[PDB]
Amino acid sequence: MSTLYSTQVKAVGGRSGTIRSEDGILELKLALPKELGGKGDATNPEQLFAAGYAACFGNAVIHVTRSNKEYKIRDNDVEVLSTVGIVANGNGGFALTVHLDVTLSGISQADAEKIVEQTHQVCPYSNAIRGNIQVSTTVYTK
Amino acid sequence: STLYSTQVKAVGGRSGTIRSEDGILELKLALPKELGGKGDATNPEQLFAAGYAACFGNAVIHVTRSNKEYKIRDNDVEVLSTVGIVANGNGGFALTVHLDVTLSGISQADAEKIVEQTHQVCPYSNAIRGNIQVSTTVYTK
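Residue numbers (the deposited numbering), protein chains in the order written: chain B, 1 to 142; chain A, 2 to 142.
Each statement offered as a hint is correct.
When the alpha-carbon atoms are kept at most 27 angstroms apart in a straight line, the in silico DSS-like pairs for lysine-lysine are as follows: (1) 114(A) x 10(B); (2) 72(A) x 29(B); (3) 69(B) x 114(B).
Quick caveat, the hints were computed from the structure, so don't treat them as lab data.
Please work from the sequences and hints to get the whole structure.
Here it is, written out as structure tokens:
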């Protein structure tokens, strides 16, 4: 299959530097959080990953709910709260952890759990990290 | 032990919003024009490209300063990530990743060896190994 969309982002200076997409849409400074000896003035790779994952997955949730043909939902009926952490692995190394809190409005609990299970096969983030990060997921309805 | 943890809330998918719990990261999201959107705002692929390129560059700095053959400052490292989204063969989507990594003031062979070492260190490269075959080109400027 051919690539549906591609984008480029330039990062200079590591976790204390800057990032800027080539189209200028995304441009912001980075800072080490206080937990890693920084100020926390600005975002960080974990925050950026958390945001992109939560947004991909929520969109895939909408996409799966609508392909199942049962529920009437609008986009804002889906909320994903991602928790992204960085832990120590091996000797001195670092690994990521991900937990997803998925809240669906106007859907039964069993259907929401089945929907969320389905979207893990859809969102490219989940497919990207399967087996390396053991993603945990809790499904809420409201 | 968990050394740092962050939370981001996303409402409405690729046309909605994101907001970190501490308020530091708050952005609108839009579908790109290639997918029929207006492209007013960022998207999950840009966010991933930005996070990945920032980790790898930071891990490149650490690896270079761990072999201790070159004295290098932060802005001597630049990572240009190319992230695409493609449909897989099984009713889902997959990411593609390419990294153009530019290291100032060091030889080509040392830069290639440093980048190879970094791929074992950056959590994002470890996060996707076996699912995404990352391609990498090393430049020395």
